[PDB]
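Protein chains: 2
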Amino acid sequence: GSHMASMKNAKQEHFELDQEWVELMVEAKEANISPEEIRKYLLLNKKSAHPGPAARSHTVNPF
Amino acid sequence: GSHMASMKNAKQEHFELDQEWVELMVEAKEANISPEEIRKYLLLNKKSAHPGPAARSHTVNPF
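Sequences listed follow chains R and H, in order.
Going by the working numbering, the letters in the first sequence line up with residues 1 to 63, in that order.
Going by the working numbering, the letters in the second sequence line up with residues 1 to 63, in that order.
Read the hints as simulated data drawn from the structure, not as lab findings.
Where is the CB? At the ideal position from N, CA and C, for every residue including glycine.
Each statement offered as a hint is correct.
Where chain R lies over chain H, by a calculated footprint (3+ residues, C-beta under 8 Å):
id: 1; region: 13 to 21
id: 2; region: 29 to 35
id: 3; region: 46 to 53
Some chain H residues flagged as far from chain R (calculated, every beta-carbon gap over 10 Å):
id: 4; residue: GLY1
id: 5; residue: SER2
id: 6; residue: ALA5
id: 7; residue: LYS8
id: 8; residue: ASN9
id: 9; residue: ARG56
id: 10; residue: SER57
id: 11; residue: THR59
id: 12; residue: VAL60
id: 13; residue: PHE63
For reference, chain R alone in the conformation it holds in the complex:
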């Protein structure tokens, strides 16, 4: 088969964000938006990226 380009590393569940979350929070208290919608989503979504392999030895033979 012919060669084709690809990304040097796998995708992760981690993403960049910062200043939207401080900007919404200050106004959401004065406007009385629902925090529960985020906190219940967040309570499930305590996410992390997939780990590396264990790389332990194995064989289809008795001890």
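Based on these hints, arrange chain H on the given structure of chain R.
Same frame as chain R, now just chain H:
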């Protein structure tokens, strides 16, 4: 006259709205929940503080 308890005669137990929103803001940033839900809602919901609404269960007590 006779001794009695001073004003205010009873405490209320309502917590700060800020302490949900401050934990939520820090944790939702690291979890990458949607800030766009709060920001799009806030742009319509340009509200301020108000008393509670009426309901069918409300009535004047006999005493």
